[PDB]
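What follows is each chain in one-letter form.
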Amino acid sequence: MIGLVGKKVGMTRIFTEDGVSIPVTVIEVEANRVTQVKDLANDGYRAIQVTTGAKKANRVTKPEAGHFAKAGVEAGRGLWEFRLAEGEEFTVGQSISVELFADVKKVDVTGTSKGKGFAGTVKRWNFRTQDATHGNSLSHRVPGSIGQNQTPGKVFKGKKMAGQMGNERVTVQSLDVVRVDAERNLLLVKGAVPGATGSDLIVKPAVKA
Amino acid sequence: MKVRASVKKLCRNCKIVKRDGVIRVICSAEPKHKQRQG
Amino acid sequence: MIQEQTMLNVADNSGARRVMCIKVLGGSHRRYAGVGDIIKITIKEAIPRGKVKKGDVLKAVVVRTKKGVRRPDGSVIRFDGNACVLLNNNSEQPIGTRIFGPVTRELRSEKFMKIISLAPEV
Amino acid sequence: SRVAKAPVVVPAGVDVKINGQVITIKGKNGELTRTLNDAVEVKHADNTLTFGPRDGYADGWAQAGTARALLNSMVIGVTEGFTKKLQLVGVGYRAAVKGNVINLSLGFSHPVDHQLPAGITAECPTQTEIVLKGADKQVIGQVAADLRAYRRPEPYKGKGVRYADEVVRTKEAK
RNA sequence: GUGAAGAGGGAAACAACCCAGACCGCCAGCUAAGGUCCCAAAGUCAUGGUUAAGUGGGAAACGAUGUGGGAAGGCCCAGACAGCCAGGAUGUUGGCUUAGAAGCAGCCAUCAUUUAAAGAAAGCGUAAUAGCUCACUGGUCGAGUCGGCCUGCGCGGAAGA
RNA sequence: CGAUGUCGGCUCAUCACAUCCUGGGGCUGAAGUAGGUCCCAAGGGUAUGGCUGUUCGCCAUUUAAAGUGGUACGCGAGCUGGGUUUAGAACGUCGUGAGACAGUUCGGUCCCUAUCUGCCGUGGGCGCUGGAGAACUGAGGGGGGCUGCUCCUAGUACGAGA
RNA sequence: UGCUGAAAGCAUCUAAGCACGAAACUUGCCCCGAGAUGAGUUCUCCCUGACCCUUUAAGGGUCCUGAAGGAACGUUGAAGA
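Order-wise, the sequence lines are chains D, 4, K and G.
FYI, the entry's author numbering numbers position 151 of the first sequence as 151, with every residue one higher than the one before it.
FYI, the entry's author numbering numbers position 13 of the second sequence as 13, with every residue one higher than the one before it.
FYI, the entry's author numbering numbers position 102 of the third sequence as 102, with every residue one higher than the one before it.
So the mapping is simple: the entry's author numbering equals the position in the fourth sequence, first residue as 1, plus 1.
Derived from the structure by calculation, the hints contain no laboratory data.
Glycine included, each C-beta is placed from N, C-alpha and C at the ideal position.
There's no promise every hint is true.
Stated by the list, open to error - Here are the simulated DSS-like cross-link-like pairs (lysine-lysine), alpha carbons at most 27 Å apart as the crow flies:
(1) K190 (chain D) to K67 (chain K)
(2) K86 (chain G) to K18 (chain G)
(3) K158 (chain G) to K138 (chain G)
(4) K32 (chain 4) to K172 (chain G)
(5) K18 (chain 4) to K99 (chain G)
(6) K99 (chain G) to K2 (chain 4)
(7) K40 (chain K) to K123 (chain D)
(8) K158 (chain G) to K32 (chain 4)
To be verified - Pair ranges (Cβ atoms, derived):
(9) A119 (chain D) to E4 (chain K): 29 to 35 Å
(10) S91 (chain K) to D176 (chain D): 37 to 43 Å
(11) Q128 (chain G) to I23 (chain 4): 53 to 59 Å
(12) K158 (chain G) to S91 (chain K): 37 to 43 Å
Unchecked claim - Some chain D residues well away from chain K (every beta-carbon gap over 12 Å; in silico):
(13) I2
(14) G10
(15) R13
(16) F15
(17) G19
(18) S21
(19) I22
(20) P23
(21) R33
(22) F68
(23) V73
(24) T110
(25) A119
(26) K160
Full structure from sequences and hints, please.
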């Protein structure tokens, strides 16, 4: 099937009655209204384009506003697209609610992780630090050697070095969905999903099932 | 089987076949004499 | 979190007062041992009439750890001092006839059920 | 050669049909179709099929001999039918059959279910015997090959699926 | 002999290898080595064979019913070779060392009969036996056959950052 | 030889396959469990300490396994400086002596602000044929690919029994 | 490892043909990705004026209008040198 787009609001824990405390992440999966249906005619593939939340009336530009008010929806924050595996139809303008995960058992969550910025190789690539005493000179957390000698004569591409860590799209796979609360539009998953509290999460049914 | 640079007929009922560009020997009586790649 | 070169107190009465862990058994490159974990020990201090003598190499199981154990609700049980029960090398049964101090409920499996039968608290 | 210089005497309701190279034959047991090689000429002169090499192609005789042999097996399969027997030598080995699945119990931990092709059907007069009866020699040969490949004959006790007339030699257990 | 002290064209590139020794000019022609499908000038030229390996375009001893040619041989419609039905026998279990080596652990003999013909024996296995067979022997079958030799090209041997 | 810093350790590696483990098979003097030998296979993995400057080795205790090699015996404009290889000093030995020793022993300055290639990130300009805002298909590229133990089948198959 | 099968009347996994077969190969999982100059696709929005000059050309110039949208500025961010 398809996924839903929600907002991460914190982590909590559910105390079940037997004793086991399940640490859950709360995803407020709001109503996703379909904006565009891409089909084989115009696009050569089938997919739906959804939106969630609502932007201010004047922050929405004229091309976005015309795209939204072309078919029966009000403007939300950002457009997304799900690839419709062979035999599902979602009419344009349709609000898709959260009971799609009241069906399912496991979930993968896609988000942009928290950005650590320019991180060194010890944080980024788990490099082992050099010996922090015993004579070492200005070389404790430096990367070490980065290539062999005259025969390569060059650093191989894909060398692990210091650089931007975080702030990238990552997907956590096969999380147990603990509770689907339609009355407050809450989806609770077992485990840690990517991103800071407030970033948008794409929630799909688990494909490694 | 026995990989060699020389395949011979050790037994009597072993025959020399050529399959997929490889000369090899198959015996019908004793399976030790199955050998290859001569 | 018992590693190699950790000095452990001894919970049973095989005779060892204080032993030292020399390898955390089970798995390659393994770092630590918890309460449900077998280690290899060697004996540094013994009692003069006891069964095991100082300088032997045998096996133990940890029963108390200052790092603790974490129960599934999130509660931790942090003992004061690391403690082990000495097992035989190939029999894997305790060499003691009694056990001092409390032990943990997450030790409860068959051989260590024979351990916790002698235990004054679980 | 000496194979290809021997006609296939086709009897009693033959239904030989040549289009280009392809020959389709129906009889009482069933219908079979062979896509023939370029090197063979087939001849239904005088109500009986002969086989000839083609000009230019080098190995015309080998293709003609395999064509004569395959056509002979084809006509004798659609006439009288090919019957292959297998036996399950071994303790606990059973050979239940339902429909077109063969439920071998070769005693691993899980049962064995083998699917059958279109023309071939398997009948079991004993719990330790299979007889599979079919049109094409190739199809029944491959089915017997897979059923033997589930558990080949051990050289010590002779346990396994086995061609019913194939002699297995036993060796001493050290 | 060339380089040193020598350019030019070829060998992809490559002083010393092959062709050839630059006085200057030319938007002329014929050639040498080397080449003529495209890069890249000129034969997708002509005739007759080989190769199936990407050989050509790395490598030996040795192995092989790969294949093309040449010369002779063994047997063969008084019927060969390969298949398929029968036989494989007696004095006799061959003389012993050995519990039996009932033809196949070892020394002597390896000779004589029935007959269309059968070795007193060649592989295997059994306390010895048994047995499958192999030589060989008749029917069927209907024609080629199975070996060597010299040769051209192939095949495996042929695993490195 | 108008200078190509060398053994070992650390940090970071990368390739070959002549494979240590895992994976798939043939033969066994392969009953089973376990082995042996050989073929295919490079995806991933491939100890921690004691001693020694050591690599290597011996040992201890593991592990599924603790592979063999190439990369200036990879790696000092990345670190160390124990060995070795300056000047001090001493021992044994050789020499009358100055001194010498692939003989030990103690101590003994490891410089460099990265222009170009390379690599890790990150932008500015222009292009994409009027301009702009978004959402995508996806050529291609990269990451990941390890494995033990216990239970069930079943204490069955096999085996005299273990 | 086989199935049928001649060349080689038999036999034969191979020559014609067919089915199996590994953590290796291509995908399936995750990420970047149209500067993929072969620069792709879809949806939406935006501009609907007059005249001069000369070698009348994908020309140069004058006046008026500046659209969507962007950038700058400020308050700033679990975004960041």
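Verification of the supplied hints:
no.: 1; hint: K190 (chain D) to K67 (chain K); result: 26 Å, holds
no.: 2; hint: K86 (chain G) to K18 (chain G); result: 32 Å, violated
no.: 3; hint: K158 (chain G) to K138 (chain G); result: 30 Å, violated
no.: 4; hint: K32 (chain 4) to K172 (chain G); result: 13 Å, holds
no.: 5; hint: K18 (chain 4) to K99 (chain G); result: 42 Å, violated
no.: 6; hint: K99 (chain G) to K2 (chain 4); result: 44 Å, violated
no.: 7; hint: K40 (chain K) to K123 (chain D); result: 34 Å, violated
no.: 8; hint: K158 (chain G) to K32 (chain 4); result: 20 Å, holds
no.: 9; hint: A119 (chain D) to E4 (chain K): 29 to 35 Å; result: 32 Å, holds
no.: 10; hint: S91 (chain K) to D176 (chain D): 37 to 43 Å; result: 41 Å, holds
no.: 11; hint: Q128 (chain G) to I23 (chain 4): 53 to 59 Å; result: 45 Å, violated
no.: 12; hint: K158 (chain G) to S91 (chain K): 37 to 43 Å; result: 38 Å, holds
no.: 13; hint: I2; result: 35 Å, holds
no.: 14; hint: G10; result: 17 Å, holds
no.: 15; hint: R13; result: 8 Å, violated
no.: 16; hint: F15; result: 7 Å, violated
no.: 17; hint: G19; result: 5 Å, violated
no.: 18; hint: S21; result: 5 Å, violated
no.: 19; hint: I22; result: 9 Å, violated
no.: 20; hint: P23; result: 8 Å, violated
no.: 21; hint: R33; result: 39 Å, holds
no.: 22; hint: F68; result: 45 Å, holds
no.: 23; hint: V73; result: 43 Å, holds
no.: 24; hint: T110; result: 28 Å, holds
no.: 25; hint: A119; result: 25 Å, holds
no.: 26; hint: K160; result: 21 Å, holds
Checked against the numbered hints above, the structure breaks hints 2, 3, 5, 6, 7, 11, 15, 16, 17, 18, 19, 20 and satisfies the rest.
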